[PDB]
Amino acid sequence: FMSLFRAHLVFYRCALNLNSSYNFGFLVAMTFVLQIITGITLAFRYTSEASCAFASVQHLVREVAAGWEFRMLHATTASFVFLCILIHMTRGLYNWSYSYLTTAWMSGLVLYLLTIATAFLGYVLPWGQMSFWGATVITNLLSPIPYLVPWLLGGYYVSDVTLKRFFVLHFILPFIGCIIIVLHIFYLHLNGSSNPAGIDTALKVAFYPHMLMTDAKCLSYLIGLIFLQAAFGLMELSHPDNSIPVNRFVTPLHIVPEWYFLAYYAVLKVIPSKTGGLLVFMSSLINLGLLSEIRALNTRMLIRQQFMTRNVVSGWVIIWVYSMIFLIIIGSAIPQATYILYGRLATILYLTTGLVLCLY
Amino acid sequence: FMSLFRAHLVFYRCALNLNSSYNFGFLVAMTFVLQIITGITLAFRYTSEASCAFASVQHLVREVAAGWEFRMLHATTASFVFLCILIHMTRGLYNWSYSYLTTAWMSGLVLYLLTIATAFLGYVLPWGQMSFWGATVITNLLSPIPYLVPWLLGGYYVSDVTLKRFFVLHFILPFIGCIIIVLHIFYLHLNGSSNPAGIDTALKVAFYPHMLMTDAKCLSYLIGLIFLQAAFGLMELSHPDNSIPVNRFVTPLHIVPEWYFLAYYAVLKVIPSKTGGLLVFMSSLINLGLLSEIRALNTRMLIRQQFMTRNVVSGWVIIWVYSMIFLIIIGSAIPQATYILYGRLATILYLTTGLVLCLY
Amino acid sequence: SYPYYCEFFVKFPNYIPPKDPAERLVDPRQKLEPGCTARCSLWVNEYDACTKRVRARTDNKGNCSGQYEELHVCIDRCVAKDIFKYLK
Amino acid sequence: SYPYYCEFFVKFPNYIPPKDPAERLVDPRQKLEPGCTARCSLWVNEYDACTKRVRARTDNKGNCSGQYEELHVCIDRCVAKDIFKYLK
Amino acid sequence: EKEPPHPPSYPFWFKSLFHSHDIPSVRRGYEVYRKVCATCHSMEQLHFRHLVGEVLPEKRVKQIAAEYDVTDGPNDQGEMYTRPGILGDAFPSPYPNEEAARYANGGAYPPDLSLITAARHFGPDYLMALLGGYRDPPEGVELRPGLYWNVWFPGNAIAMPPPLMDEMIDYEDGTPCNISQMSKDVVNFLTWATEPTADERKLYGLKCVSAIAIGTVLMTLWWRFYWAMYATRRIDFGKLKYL
Amino acid sequence: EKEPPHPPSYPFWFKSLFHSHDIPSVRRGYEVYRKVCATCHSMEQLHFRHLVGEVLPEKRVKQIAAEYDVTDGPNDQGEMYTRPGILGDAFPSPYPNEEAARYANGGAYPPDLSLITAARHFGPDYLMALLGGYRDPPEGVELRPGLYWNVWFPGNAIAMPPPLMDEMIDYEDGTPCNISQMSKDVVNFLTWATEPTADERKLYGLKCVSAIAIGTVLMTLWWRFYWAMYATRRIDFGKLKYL
Ligand SMILES: CCCCCCCCCCCCCCCCCC(=O)OC[C@H](COP(=O)([O-])OCC(O)COP(=O)([O-])OC[C@@H](COC(=O)CCCCCCCCCCCCCCCCC)OC(=O)CCCCCCCCCCCCCCCCC)OC(=O)CCCCCCCCCCCCCCCCC
Ligand SMILES: CCCCCCCCCCCCCCCCCC(=O)OC[C@H](COP(=O)([O-])OCC(O)COP(=O)([O-])OC[C@@H](COC(=O)CCCCCCCCCCCCCCCCC)OC(=O)CCCCCCCCCCCCCCCCC)OC(=O)CCCCCCCCCCCCCCCCC
Ligand code: HEC
Ligand code: HEC
Ligand code: HEM
Ligand code: HEM
Ligand code: HEM
Ligand code: HEM
Ligand SMILES: COc1cc2[nH]c(C)c(-c3ccc(Oc4ccc(OC(F)(F)F)cc4)cc3)c(=O)c2cc1Cl
Ligand SMILES: COc1cc2[nH]c(C)c(-c3ccc(Oc4ccc(OC(F)(F)F)cc4)cc3)c(=O)c2cc1Cl
Ligand SMILES: O=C1C(O)=C([C@H]2CC[C@H](c3ccc(Cl)cc3)CC2)C(=O)c2ccccc21
Ligand SMILES: O=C1C(O)=C([C@H]2CC[C@H](c3ccc(Cl)cc3)CC2)C(=O)c2ccccc21
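Chains as they are written, first to last, in this note's numbering: chain C, 19 to 378; chain E, 19 to 378; chain Z, 3 to 90; chain P, 3 to 90; chain L, 10 to 252; chain G, 10 to 252.
By construction, these hints were calculated from the structure, which means they are not laboratory data. Just to be clear, a hint being listed does not mean it is correct.
Calculated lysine-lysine pairs in the DSSO-like style (CA-CA distance at most 30 Å, straight line) [said to hold, decoys possible]:
no., chain 1, residue 1, chain 2, residue 2
1, C, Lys287, G, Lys44
2, G, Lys248, C, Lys222
3, Z, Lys33, Z, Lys87
4, P, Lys83, G, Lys248
5, Z, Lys13, Z, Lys83
6, G, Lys44, G, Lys11
7, Z, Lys13, L, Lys216
8, P, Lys54, P, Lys90
9, L, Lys11, Z, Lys63
Take the sequences, apply the hints, and build the full model.
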């Protein structure tokens with residue numbers, strides 16, 4: 019397995035002009051490994067009982083040596099997982115990477131779905147108000163089929179049984195992640211990476227000396243920033259309301275998911291029919307999947323240059339990003355008619371600019 | 019990975035005269051896979067709290083559909099894991115497999131150590147009297163080094179913290195098992211299996227049609243027997259005393275480990291010095307390890323035929339087996355002078371007949 | 003783990019009716035005990051022997067709990083053969 | 003999760019000694035309130051306006067909690083600048 | 010210390026491989042347990058839910074549960090109160106904690122019987138023997154007050170008084186009461202209570218094992234089918250012998 | 010519903026990146042909490058162990074704990090009893106259950122303060138504002154009895170009475186007592202109690218971030234070291250130009 023190590027991470031030859039925007043994959047992998055370490059060492063002292071989970075998490079912070087550090091590293095590294103993934107996705111929307119990296123793009127989408135599931139399962143385990151009512155909402159959202167929801171819950175309502183199986187599932191999924199990562203990289207190195215210029219070039223250079231050092235530099239920056247936020251708390255990434263014990267008969271008066279879930283939340287606020295809601299997610303994900311075979315949707319021969327530099331027309335990916343940010347903004351606010359109106363405007367933009375990527 | 023599947027499990031060519039005694043590896047692997055399935059589905063409803071673990075295991079049996087079946091399959095398949103492993107080891111002591119399957123034999127030993135550890139960790143999780151006092155004994159046995167025992171316990175005595183980390187460790191170790199199994203098979207197929215006759219032969223035959231069916235037949239028998247014992251309870255494999263809740267200030271009046279641990283227990287009964295006790299285990303395992311390079315311990319050219327058929331002299335492996343069975347017998351009984359005397363006789367036999375394997 | 007373990011070839015008695023509806027207001031064991039008492043006579047012999055010797059030795063320490071235990075284990079293991087014929 | 007979040011470039015006051023040991027048996031807020039009351043006069047204006055109009059409309063529904071809330075938020079946000087200079 | 014003796018094997022209806030529990034005996038054993046043994050023991054794992062359809066009809070079980078006061082709350086004022094038991098409640102217990110139980114029983118602790126036959130050697134045979142086992146002391150032995158001699162209890166001296174007495178209880182089916190009969194019926198009841206899923210387990214076992222054995226025959230035939238083609242092969246060196 | 014206003018930022022000593030907690034303020038806040046706020050609230054997560062060496066000397070903390078009766082047992086008779094508190098015991102609570110707490114407070118539940126500043130927006134600034142916030146109703150609004158108007162509580166109507174009163178408590182260091190001072194000191198105390206590991210966390214943070222930044226400079230230099238050899242390379246086609 020050493021010979022493979024050398025073939026793929028030492029003698030592998032890249033293009034000279036790979037700048038930082040091509041370093042974020044490595045970064046998400048590293049946040050995965052790190053999150054796994056802190057996960058396992060948190061599991062050694064966590065209690066999976068509805069009667070006492072909350073106090074179990076508080077015991078780590080209050081009465082255990084370095085107890086606070088692992089919880090906070092685990093909490094904060096999640097945000098960086100998602101931030102790095104979104105940068106990593108947008109880079110390849112910008113470049114039209116999926117033109118020839120077909121199966122890599124598919125694998126990517128599967129990994130993103132895995133990550134969403136993993137995060138949301140994690141989000142229930144500390145067992146506060148937000149956890150209980152979030153679980154209630156998302157389980158009610160997948161109700162269309164009889165008996166599936168009491169079965170997956172384990173029970174007529176969110177329960178200790180639900181906590182136990184969420185804990186086991188959150189244990190298992192990351193490692194399935196890892197396996198799919200190996201699959202991802204297989205498809206990638208089958209083809210070879212693209213340039214920022216989107217041309218084919220013979221001016222290649224080996225990995226170990228030049229690109230490995232850039233990977234290391236960015237890694238230093240990321241470790242830095244994680245520790246800064248973890249130790250000092252600069253930003254209010256997580257809302258305070260998960261600090262309150264659960265009550266099964268009273269909701270919290272103000273509700274804000276974790277930031278990486280706000281856009282979705284915005285949709286659930288503005289579309290009238292609940293099924294329309296769910297179908298928007300399904301449709302957008304199907305549209306992203308459809309990009310894998312964009313070469314077939316037209317008989318003009320395709321190029322990877324999108325000529326977005328100096329261009330007054332901008333590009334659909336940029337409009338997508340700004341629409342998504344606008345949806346995050348509206349996600350965060352209270353339900354009111356005007357917020358809903360601009361919500362619907364932004365939603366139409368978000369859907370249309372995704373549909374239109376296929377129309378070259 | 020399909021091409022590898024075909025190369026190693028379909029077109030791989032064996033010797034014509036491989037009888038059932040060469041089918042038990044496959045069997046232990048299958049008990050591993052099966053034990054993993056039942057493990058995971060038991061984890062979904064188990065509670066890792068000293069205050070309530072016991073009742074958590076009782077809830078599965080009393081109030082859950084098919085609750086009883088998974089617990090009992092998991093409990094009974096362990097015995098078959100160990101029985102198959104011991105048959106599998108004795109076969110290769112009998113044949114002198116380690117003459118040329120050097121690294122396979124080493125890997126085997128590591129897997130057996132892994133299995134012992136896994137089983138013993140499992141044995142504590144139901145949290146009855148025998149579990150608590152067994153954990154106490156084995157943790158006191160590895161005391162020679164300061165602070166290592168309170169550290170590994172987590173605490174000054176066996177505690178809920180100990181349960182939590184035992185549960186996580188018992189979760190993890192089997193999969194490390196699986197990885198080492200892949201390593202095992204690599205070393206094996208690097209060389210190729212031996213015959214019962216211990217000759218080299220060209221009368222080979224492919225695997226898929228002939229030997230695959232024998233594997234399947236034995237698999238049927240084993241599934242049969244597991245279900246027979248699991249559903250009807252023919253043999254008292256496990257003592258009743260783990261059915262009593264724990265008391266930290268009162269021992270059970272009669273003590274009998276699980277059968278696959280009795281021989282070890284016998285030693286701890288009969289050797290006066292505690293360190294002598296531990297050193298006997300260390301020494302015997304080192305002796306078994308030493309067999310990997312038996313070709314070097316002498317300048318006479320070696321053969322695999324031990325000529326044990328019709329032989330009035332028998333063989334050291336058979337004396338080893340009978341000594342071990344005698345030690346199990348004495349393990350089971352109360353501490354009394356005469357049992358200890360025949361214990362010491364059997365112990366001397368067990369040690370000497372292991373030392374002597376190197377003296378060809 | 004199991005409540006009990008299966009036994010092969012057990013013999014299950016037919017309920018011998020009492021000859022008088024009043025007949026089993028008294029414990030059926032009393033009707034099986036004499037025979038077994040007669041069968042375990044050697045243990046009675048040894049218990050009485052030990053009783054005598056203990057009462058004699060005069061150094062003021064002795065007991066015959068062993069032989070007593072053996073006597074009653076014998077009697078019980080005899081009674082167990084027929085007791086369930088008289089119970090519903 | 004955190005008890006608080008860090009704020010950049012905060013200014014920390016020096017404890018202005020009371021001119022009389024008895025001087026702060028009375029709440030220092032009382033000495034900062036007048037100035038801020040004068041600074042937030044537009045909210046007083048609008049609150050009195052709404053009070054008049056509510057008392058006039060005669061259809062018997064109305065209130066001026068909005069403007070009141072704004073008035074007092076203004077006054078408090080003014081007081082917060084100097085209150086910690088008078089506390090140890 | 011000593012090796013304790015082993016009890017004789019009684020022919021309980023259940024200890025055959027094809028037999029179920031014997032439900033009339035279970036009813037009578039439950040009646041004995043309620044009237045006698047529940048004075049000092051507990052079964053914390055049992056709820057009345059368990060008796061309907063398996064042993065008793067639902068109506069009667071509700072009426073049984075109604076005989077007890079069970080504590081519940083808090084109420085609007087944060088106080089606790091007592092109510093009549095319902096089908097969903099666990100069996101009641103005579104002592105609030107282990108310390109009180111020991112205080113009432115001269116220091117010894119009456120064990121919880123929810124798993125008693127699975128928590129002793131030879132299970133029901135041991136329990137049947139133990140309930141018969143009370144006898145006078147042997148020559149040379151005397152026991153301190155509140156302690157009794159029993160020929161089947163380990164070390165022979167036990168804290169539980171002689172347990173059974175004729176017509177100390179009565180049966181609703183009409184069966185006559187005596188200590189032997191009560192022994193049999195209560196041992197039956199406790200053996201059932203140790204694992205109510207027994208009959209389900211055994212009836213499923215039978216189907217499973219039978220089908221798997223038929224399987225085994227079929228696979229044996231399939232394996233021999235391929236054995237025979239190489240076991241009967243001919244290999245010649247130099248020239249052909251037979252054809 | 011409405012968007013509630015946002016509080017002003019007060020210059021608490023701790024909210025700088027280099028500052029610790031301010032321990033005299035913490036002592037005074039603890040004294041306020043004991044004399045006033047512990048009448049209806051609870052801190053179930055705090056034990057007296059937490060105060061020694063961090064806030065108070067051990068001797069004084071033992072003497073504080075001795076002021077309370079704490080329940081313990083069972084004893085030999087299985088009864089419960091009361092004893093003087095010890096350093097190992099958690100803070101006492103005024104109500105036995107949530108139902109009694111609601112019964113005493115007209116239906117509302119006084120929350121446990123063990124994490125209060127981490128369980129609200131703007132934490133200590135919100136709490137400081139709230140304790141100042143009591144005012145007379147506006148024109149056109151009236152509140153039912155046992156309910157009060159506060160300009161910083163969401164929806165403006167709150168069940169907690171006006172909280173503070175001058176010289177309702179007294180200080181041992183000599184500081185004068187008034188509602189503003191009590192507000193500052195108790196908010197300091199509760200902010201500390203929300204996470205006593207704060208100062209450890211920050212002091213470790215500083216070392217970590219500083220060293221990591223120095224790292225980053227070194228790695229930047231190392232990366233440029235290799236950048237320059239290919240950024241400055243010459244490639245010619247056909248014939249050599251320069252040397
Ligand atoms: C600087 C950038 C930093 C990026 C960070 C990203 C975030 C990371 C988060 C996760 C953590 C990862 C950590 C590693 C980060 C990377 C590090 C790195 O190597 O950076 C390389 C980076 C750029 O390298 P490069 O080789 O040029 O990269 C290639 C380019 O990308 C060019 O590539 P290309 O040309 O091939 O293009 C491909 C394309 C590919 O496409 C993409 O990649 C697009 C991706 C877009 C993001 C999409 C996802 C978004 C998802 C939503 C996220 C929401 C978050 C919400 C957060 C809210 C926060 C409030 O990319 C682009 O098109 C990018 C161009 C975008 C232009 C946007 C222009 C915006 C203008 C804004 C003006 C604002 C004016 C404000 C005025 C205000 C007045 C009041 O260089 C540096 O950072 C240099 C080092 C600088 C160090 C300075 C340190 C100073 C410290 C001072 C201390 C002072 C102390 C004082 C004390 C005093 C005491 C007295
Ligand atoms: C039959 C054997 C079965 C083995 C089972 C093993 C245990 C398995 C446990 C785990 C479960 C696995 C399941 C699969 C098992 C394997 C199945 C299989 O394929 O077997 C093949 C097996 C043998 O095949 P093979 O090709 O000859 O094998 C090669 C040989 O091994 C020859 O190989 P080689 O020549 O190359 O030699 C290499 C060497 C390699 O070395 C080894 O492999 C040595 C391994 C030794 C074991 C070491 C580990 C021990 C660890 C301690 C374990 C303690 C356990 C404690 C258990 C206590 C239980 C109470 O092996 C040997 O030297 C072996 C020879 C040993 C000779 C020992 C002679 C002992 C004589 C005893 C006489 C007793 C007389 C009593 C008289 C009493 C009078 C009162 O054949 C069969 O079993 C044929 C099928 C028979 C089916 C019969 C079914 C009848 C059902 C009747 C029902 C009636 C119902 C009635 C109803 C009535 C209604 C009215
Ligand atoms: C109070 C008078 C009791 C009644 C009624 C019953 N039991 Fe009990 N039991 C009691 C005590 C104080 C003890 C302790 C004995 C000791 O030596 O410490 C026991 C013990 C048992 C046991 C344990 C036997 C063993 O080998 O450990 C059993 C199996 C038992 N008791 C069963 C039992 C049954 C079936 C009863 C109804 C017929 C019953 N007990 C009533 C106190 C009392
Ligand atoms: C009994 C007279 C109390 C005393 C003394 C203190 N508090 Fe309390 N508090 C009490 C009640 C009945 C309520 C419920 C209010 C409601 O609207 O339901 C509260 C509430 C609080 C809150 C919650 C504020 C929020 O926005 O949810 C806080 C932060 C609070 N109280 C703090 C607090 C402090 C610091 C006290 C000592 C100065 C204090 N309270 C005393 C009852 C009583
Ligand atoms: C990509 C990998 C992972 C991600 C993105 C992830 C995500 C999360 C998130 C977002 C939380 C919420 C923490 C909080 O709200 O404070 C969490 C908690 C938790 N995670 Fe994961 N996790 C990952 C891997 C793992 C692994 C591998 C394990 C164990 C083997 C694990 C065990 C836990 C535990 C025990 C908690 C509870 C934390 C607490 O109760 O305070 N995680 N995780
Ligand atoms: C755990 C999640 C992921 C990991 C660990 C990962 C890892 C990597 C790595 C190491 C690379 C090569 C170096 C680099 O580009 O930084 C890469 C490239 C790539 N990834 Fe990912 N990735 C992940 C998620 C995704 C997702 C969600 C997508 C798409 C939706 C995606 C699509 C791609 C593409 C298209 C490339 C190659 C682009 C090109 O060559 O031009 N990946 N990935
Ligand atoms: C070679 C593989 C394994 C072996 C030999 C093994 C062995 C054992 C043993 C001997 C017990 C004792 C059960 C009893 O005393 O009733 C046990 C219990 C248990 N095992 Fe494992 N185990 C294996 C794999 C696993 C795995 C992979 C998991 C989970 C991922 C697991 C989870 C458990 C649990 C939850 C229990 C508790 C059973 C109970 O409380 O009744 N086991 N195991
Ligand atoms: C989980 C435990 C184990 C598994 C899954 C396993 C699996 C296997 C398998 C599939 C084979 C080839 C087919 C067969 O021989 O049945 C094999 C062969 C072998 N194993 Fe194991 N084994 C295990 C434990 C051990 C142990 C404990 C030892 C030695 C102490 C050992 C030593 C050997 C040797 C020497 C051979 C080849 C013998 C020969 O070719 O003559 N294995 N094993
Ligand atoms: C800036 O430009 C680039 C940066 C790049 N950075 C990296 C880190 C790689 C890479 C990743 C993984 C790999 O092999 C592995 C697969 C899977 C594993 O498994 C797991 F889970 F990651 F540990 C480990 C190892 C081999 C190579 C690239 O190809 C790569 C390519 C370009 Cl163009
Ligand atoms: C009777 O005579 C024989 C029987 C034999 N039976 C078997 C089952 C094999 C065998 C096992 C595994 C394997 O490849 C694998 C490795 C590891 C895995 O991983 C895990 F964990 F097992 F699933 C899976 C798969 C390939 C081949 C043999 O070689 C074999 C050889 C002889 Cl002579
Ligand atoms: O009302 C909601 C709500 O709508 C969500 C939502 C956010 C989006 C989630 C989500 C949507 C789509 C995907 Cl692919 C993944 C997650 C589902 C739960 C919450 O997270 C929540 C948490 C706590 C209380 C209330 C709520
Ligand atoms: O006294 C013992 C005892 O001696 C062991 C022993 C058995 C052998 C074990 C063992 C020895 C060596 C190895 Cl490599 C693995 C396990 C260690 C614990 C027990 O298992 C036990 C369980 C419950 C109560 C008491 C006892």
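Check your understanding: Would the pair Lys11/L and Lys63/Z pass a check requiring their Cα atoms to be no farther apart than 30 Å?
Key -> Satisfied, since the Cα-Cα distance of roughly 20 Å is no more than 30 Å.
Review point. For the pair supplied as a hint, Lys44/G and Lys11/G, is the alpha-carbon distance within the 30 Å limit?
Key: violated, 36 Å
Point to revise | Hint consistency between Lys83/P and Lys248/G [alpha-carbon to alpha-carbon, up to 30 Å] | key: violated, 76 Å
Check your understanding: Is the straight-line distance between the alpha-carbon of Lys33/Z and that of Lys87/Z 30 Å or less?
Key -> holds, 12 Å
Point to revise | Restraint check for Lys287/C with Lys44/G, where alpha carbons must lie at most 30 Å apart | key: violated, 47 Å
Review point. Is the hinted pair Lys13/Z and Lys83/Z satisfied, with a Cα-Cα distance of at most 30 Å?
Key: With a Cα-Cα distance of about 10 Å, the restraint between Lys13/Z and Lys83/Z holds, given a limit of 30 Å.
Check your understanding: Regarding the pair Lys54/P and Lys90/P, is the alpha-carbon distance no greater than 30 Å?
Key -> At roughly 43 Å apart (the allowed maximum being 30 Å), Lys90/P and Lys54/P break the hint.
Practice item. For the pair supplied as a hint, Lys248/G and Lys222/C, confirm whether the alpha-carbon distance does not exceed 30 Å. Key: OK: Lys248/G and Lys222/C at ~22 Å, within 30 Å.
Exercise for review: Measure nothing beyond the straight line between the CA atoms of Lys13/Z and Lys216/L; if it is 30 Å or shorter, mark the hint as holding.
Suggested key: holds, 24 Å
Violated hints, listed in ascending order, are 1, 4, 6, 8; each of the other numbered hints is respected by the structure.
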